[PDB]
Amino acid sequence: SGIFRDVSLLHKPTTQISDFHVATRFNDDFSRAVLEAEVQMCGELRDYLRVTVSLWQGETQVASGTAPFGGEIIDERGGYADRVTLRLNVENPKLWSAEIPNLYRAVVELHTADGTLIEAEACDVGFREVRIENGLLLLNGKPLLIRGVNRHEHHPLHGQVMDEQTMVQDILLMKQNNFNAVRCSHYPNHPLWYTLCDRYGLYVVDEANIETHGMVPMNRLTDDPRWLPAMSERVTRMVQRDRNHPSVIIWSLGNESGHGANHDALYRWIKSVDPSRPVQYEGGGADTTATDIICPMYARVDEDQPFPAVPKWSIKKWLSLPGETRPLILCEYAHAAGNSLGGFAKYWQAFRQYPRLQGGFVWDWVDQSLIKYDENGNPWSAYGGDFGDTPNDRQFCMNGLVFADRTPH
Amino acid sequence: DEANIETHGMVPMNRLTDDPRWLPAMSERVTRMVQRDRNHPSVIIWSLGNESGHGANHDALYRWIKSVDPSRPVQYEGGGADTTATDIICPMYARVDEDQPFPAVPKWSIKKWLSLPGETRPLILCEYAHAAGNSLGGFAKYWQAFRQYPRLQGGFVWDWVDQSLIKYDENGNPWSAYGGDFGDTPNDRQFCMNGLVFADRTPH
Ligand code: NA
Ligand code: NA
Ligand code: NA
Ligand code: NA
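Listed in order, the protein sequences are those of chains C and D. So the first sequence is numbered by the entry's author numbering: it starts at 206 and just counts up by one. So the second sequence is numbered by the entry's author numbering: it starts at 411 and just counts up by one.
The hints are simulated quantities; they were obtained by calculation from the structure and are not laboratory data. Do not rely on the hints blindly, as some may be mistaken.
[Unchecked claim] Computed cross-link-like contacts, SDA-like style, restricted to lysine to any residue with a CA-CA straight-line distance of at most 20 angstroms:
hint : chain 1 : residue 1 : chain 2 : residue 2
1    : C       : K347      : D       : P527
2    : D       : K517      : C       : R557
3    : D       : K551      : C       : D507
4    : C       : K347      : D       : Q558
5    : C       : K551      : D       : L546
6    : C       : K577      : C       : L362
7    : D       : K551      : C       : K577
8    : D       : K517      : C       : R505
9    : C       : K551      : D       : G528
10   : C       : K517      : C       : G490
11   : C       : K217      : C       : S236
12   : C       : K551      : D       : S519
13   : C       : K551      : D       : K551
14   : C       : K551      : D       : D507
15   : D       : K551      : C       : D509
16   : D       : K577      : D       : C602
17   : C       : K347      : D       : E529
18   : D       : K517      : D       : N544
19   : D       : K517      : C       : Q554
20   : C       : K347      : D       : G528
21   : D       : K517      : D       : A470
22   : C       : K551      : D       : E529
23   : D       : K551      : C       : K217
24   : C       : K380      : C       : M423
25   : C       : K551      : D       : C602
26   : D       : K551      : C       : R505
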C-alpha cells in the first residue's frame, strides 16, 4: 500500500482540451488511411476558437487540418457544440506492428482564429487495424502469432513502484528472447509502460483492475448489480486513459472473477465505445459471451481437464467444439515455477499447425521475490511468510522466466 | 448410398464432371438412385459418387438432391473432401495428427481440419485405415480421436473383402488370384486385395 506511482501538478487554461480520441481506418490493402481525431473542450465556447490537428512522421509534416468547434447533428436536440472531429487522409501510411513500430506524432492545438496558441496536447500514433475475421485475430490483415508473457509490476527492492530503467530492461530482455506481446496482469500499468511498448514494439493486452478470486462462488460480486458501478469505473476509466496507444490491441475485463452479468454489460460498453479492439475475459470458462477470444489459463495441448461448469478442454479440441468459431489465445500457460517449462515445445508445435491457435501469454515474467537482510547485512531472496505475514502462500509468488533482479532462469 | 459415378482415370480428375455435356448421363446415375432407394430407412446419407474430382455437375446434382430429399445429408469426397458439394467433410486417408499439404487437395490432420477458419461441418472419413495385407497399424489412434472430438464422427475402413478370384492349378486345386493372373494387362496386381476378411470371408 501507499502512494506507489508518480504525483504531479498540471496547469491547464480555463478554455482547454478536455479529451481527444485518435482512430485510424484503412482501405482494403492498407495503401490508404484516414486519421480521425475527435477533440473535446471545456471552458467558454467562442466562434473564434479553433482546433488544428497535424500529423508528423519525424520532422516531416504529413497532414494538417483545422476547424471551429461544432460537431455533426447527433439526435433531435442537435450535436456537441463543444466537440469537433478532424479527418486527415494519409497515403501509403507506414504501418505499426511489433515487427516494425512505425510511429507518427499527432499534435492537437487549441487556438484562436488570429493564430494565438491556447494549449497543445499530443500522442504517438501507430497506424494499425486490429480485427477478428473468420475466426482469426488479424493485425493489418495478417493473422498474429502471440509470443506473449504475463508481467506484473514487481521490483525486489522497491516493491510495486516502477521506474523507467526497470521497464526498459524488461522490454529489451523480452524482445531479445523473441516475445512480441505482454498482458498487463492484472491491472492498468504505469503510464510509461504503454509509451515504451508503442515505441519498442510489443502487443499489449490492457486489463481492468478487477479480480475477486477469493469470493465464493467466484462471481458473487460480479453478478451483483450493486457492484456494477464500482466495476464499471475500473473498466471505463482504463479505456478513457489508454485508448490512444497503438500498442494496446486487446482490452481485458479483469481476471479470475467468475462470470457475472456485470461482465456482459461492461463487455458491451467497450465494444460500443471502441470497436477498434477486441475484448477478452477468461472468467467463467474462458469462452463466455463476455469474450471475443477463447482465452483459457493452463489448458493443455492434447489432454482435456473436464472440470464441472468450467472445464479446460485440450486447446485443439476446444476450437472445434460444436458451434465454436473464435480464435484461441491462452491468457496464461506454461507455469514457470522454478525448474519448469517442460512441454513448452508441444504448445508451439500446436500454435504453428493450427491457424486458430494463435499463441498465449506465459505465466509469468518475473519471480515476485523480495530482498531481506540477514544478521550480517547480507541480502537474500524472500517469499511468502518471510515477513511474518500469515496466512501466506509461501514460494508460490515465484514463477517467472527471470529472477527478481532480471537474471534469466 | 452412392451413385455409380467414378472417373478417376481422367486428367485432371474432373474433366468430365465439370463438362456440361456429361451432366445428363451423370444426373441419371444420381436421380435414378434416389428414386429407387429413398424409402429405405437404413440409407441415412446420399453420396454423389467417387474420385471424379469436383465439377460444376457435382454442385448441380448436390442441389437437386437437397431439393427433392431434404431428409438426408449429401456427401462427396472429390476435389478436396470439403467442397460446396458436400454437407460432411469426408476425406480419404487423412491422418489423425499429421498434415499432408498436397497442392489443391490437401489432406489435413482431421483434428486440424475441423477448426480451419470458417469450417463448421462434421468430419467422417469415407475411407481410412487401408487394410492391405498385414495392416491397420495405428488404428487405435483414429478411435481415440473419434471419441475425444465431438465433430470427428468416425469413418469407413477400406475395405471389407479382398477382391481375389479363384483359379485352379493342373491338379484342380483352387488358389486365390489377383490382377494379372488372367493375362489381363495392364493390371494393378495385388492391389485389389485390402479387405479385413479374405474373399471367402475368413477374417484377417
Ligand atoms: Na496458429
Ligand atoms: Na504463482
Ligand atoms: Na466424436
Ligand atoms: Na486397393
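Any of the earlier hints contradicted here, and which numbers? 4, 5, 7, 8, 9, 11, 18, 21, 22, 23, 24 and 25
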